[PDB]
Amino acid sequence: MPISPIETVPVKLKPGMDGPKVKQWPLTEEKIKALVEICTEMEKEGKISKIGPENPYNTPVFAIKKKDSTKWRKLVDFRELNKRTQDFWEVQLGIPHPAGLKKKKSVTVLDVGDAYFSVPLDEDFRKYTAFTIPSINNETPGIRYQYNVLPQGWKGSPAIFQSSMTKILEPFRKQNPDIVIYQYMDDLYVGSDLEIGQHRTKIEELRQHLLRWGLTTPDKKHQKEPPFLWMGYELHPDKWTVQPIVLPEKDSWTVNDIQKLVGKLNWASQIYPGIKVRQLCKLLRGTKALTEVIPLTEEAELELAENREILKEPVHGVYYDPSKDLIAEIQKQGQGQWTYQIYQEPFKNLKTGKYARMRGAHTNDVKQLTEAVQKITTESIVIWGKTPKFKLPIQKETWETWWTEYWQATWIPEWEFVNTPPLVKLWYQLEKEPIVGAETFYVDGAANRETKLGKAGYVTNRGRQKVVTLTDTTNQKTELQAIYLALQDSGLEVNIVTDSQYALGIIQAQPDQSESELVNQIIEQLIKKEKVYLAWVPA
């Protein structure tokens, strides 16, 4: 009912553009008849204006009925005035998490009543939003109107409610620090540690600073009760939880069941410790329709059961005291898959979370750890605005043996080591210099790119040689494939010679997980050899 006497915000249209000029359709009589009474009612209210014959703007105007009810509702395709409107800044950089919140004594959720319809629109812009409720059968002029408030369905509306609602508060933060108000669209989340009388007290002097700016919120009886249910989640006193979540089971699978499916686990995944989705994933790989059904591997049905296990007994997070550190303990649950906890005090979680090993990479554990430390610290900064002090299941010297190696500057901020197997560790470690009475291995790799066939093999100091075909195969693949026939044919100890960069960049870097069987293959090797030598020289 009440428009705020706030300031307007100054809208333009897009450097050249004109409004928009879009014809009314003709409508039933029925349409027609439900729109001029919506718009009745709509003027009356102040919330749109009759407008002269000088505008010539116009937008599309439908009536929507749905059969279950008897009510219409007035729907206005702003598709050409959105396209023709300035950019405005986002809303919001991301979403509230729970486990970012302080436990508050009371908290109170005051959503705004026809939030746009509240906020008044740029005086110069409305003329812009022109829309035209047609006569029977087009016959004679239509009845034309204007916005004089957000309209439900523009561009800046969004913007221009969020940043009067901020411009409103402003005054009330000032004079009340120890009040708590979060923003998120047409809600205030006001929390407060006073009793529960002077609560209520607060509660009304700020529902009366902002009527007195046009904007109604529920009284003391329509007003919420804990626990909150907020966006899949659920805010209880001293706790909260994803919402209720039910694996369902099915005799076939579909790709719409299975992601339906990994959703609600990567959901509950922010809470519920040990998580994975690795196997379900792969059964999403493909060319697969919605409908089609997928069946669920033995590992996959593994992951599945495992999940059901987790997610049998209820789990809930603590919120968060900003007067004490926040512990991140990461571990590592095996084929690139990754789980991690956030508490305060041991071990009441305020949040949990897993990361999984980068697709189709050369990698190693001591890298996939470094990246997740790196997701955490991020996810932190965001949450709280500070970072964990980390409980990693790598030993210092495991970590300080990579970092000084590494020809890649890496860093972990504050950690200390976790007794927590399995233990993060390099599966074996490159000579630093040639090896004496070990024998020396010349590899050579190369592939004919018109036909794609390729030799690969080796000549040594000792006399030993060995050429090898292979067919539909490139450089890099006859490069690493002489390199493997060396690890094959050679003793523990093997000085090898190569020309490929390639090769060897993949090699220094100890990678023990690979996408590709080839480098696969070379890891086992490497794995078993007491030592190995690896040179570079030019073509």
Contents of the next structure:
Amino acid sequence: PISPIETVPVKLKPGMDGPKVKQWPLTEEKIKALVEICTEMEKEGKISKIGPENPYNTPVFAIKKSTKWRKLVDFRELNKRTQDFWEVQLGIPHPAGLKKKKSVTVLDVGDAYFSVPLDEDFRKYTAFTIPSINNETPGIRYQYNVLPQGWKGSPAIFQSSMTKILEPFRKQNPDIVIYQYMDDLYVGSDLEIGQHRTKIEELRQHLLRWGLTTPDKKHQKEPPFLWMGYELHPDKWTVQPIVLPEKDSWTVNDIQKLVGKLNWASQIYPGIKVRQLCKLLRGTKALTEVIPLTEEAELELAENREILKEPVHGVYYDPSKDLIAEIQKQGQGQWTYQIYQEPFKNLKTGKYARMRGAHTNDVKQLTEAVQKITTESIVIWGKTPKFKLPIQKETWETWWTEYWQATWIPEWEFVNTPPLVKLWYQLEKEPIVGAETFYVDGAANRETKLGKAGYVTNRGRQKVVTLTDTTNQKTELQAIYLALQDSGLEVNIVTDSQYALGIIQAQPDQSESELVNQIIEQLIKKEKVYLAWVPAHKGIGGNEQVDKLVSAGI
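Alright, leaving the form deposited in one PDB entry aside, put up the form deposited in another entry.
What follows is just the one chain, with no partners and no other molecules.
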């Protein structure tokens, strides 16, 4: 059928005419296939024959499936010239946000696009031509009366048509839940098996009234349904079956695929780990290069294969209950979480493993994970979960009220799931009496890649080192690193590098730079460290001295 729904008005782009691409000459068998296909389409009203006056054309082709031919229309020129449409690809539901149902039925619409009418005033622009044999005579000309396959507007127009058609039915059956995806409909209810079937029948009849055919009960697929990499029953969901290969040799291609599969499973299998596997891809080039698994990657894989050994499903959402989100630290930079309404029946799980910058601490990371989960929760359930975090109220509060960036997180409470996040050191707020004062500095040359780092002290001491393969910034961190190694358990340090100050001041506990990591070790060793800053070349006390020192020969 062709739906009697009103058409969507369509236009070409402001300063543009319809396409006029010349039809390529085709072999005889393909001309035959097309004549036969179009003859049928014509009889069903999908296309109409047109005259010579219509100046537009778009190339058509035919391709043997099997022993069946398919009609292909190359709509690039038309698509280039067609207006933009309201985006259809705006997001899909996550299964964990769905509500449990007694029954869910899938109905696919037959010849979906061809069952929806195209704007009358726009049909002319879709003209195509079946070429005569060796192009001796004029070709047979048709234009479309329905949404063509491969045309820009089809997806969006089909979906908006389906929505209008469903509208009265939804108004009449408010407790029936329908989800539209491409040419499928998922129809769920809490009715008993008999009345559910009846309701499906009414939907089909309503759909048919509007030109849309669907499979009858005999031909309807049985659960679980495969969709978007998930597998769905009325009462639980999981990801599609994943089989991890057993192989001696792993190419970059294999490892990339394995990591994607593991990342995908991690939305319902708790504890999935991919860090060690990912390190294998570092600076990785040829997809065919074999990468020897490291012992750690080999164990990680095994630990994963074990987690995947037996099926795990997520449960659906109950809107009358709170969401609970728990987070655990796994390794460094690695976080894991689970979301449930009754312990411990997970709606979904997840992992967070992102470094925002080169330098952070665990308190900042945990807060970032909370934010990520919070955004996700709004999307999926339209509300915020209550968190259980492996951090003490005081630890978190000391940190954020002191730090210069703002934050807020939803309601939460401490849960004793080691490892706990703590502050590994705290810089003093005031300078330290009876602690040696170290003035530090550093230099390097822009075309030398060489430089120096050193310190001068109020107790008369000094030192300068030579650095190879270093920047003006790296020397600044080296100097502070020097001051720390050579000082007692309490030290005051004066830098003129806002750069170095910025870093240390944020109280990092991990870093991409090994220099910084080394400094972090020192800071954790000290009993007290005060760090202060002064402007370079203001002729300040000990700063001038050390500047002098390290700048020699540079």
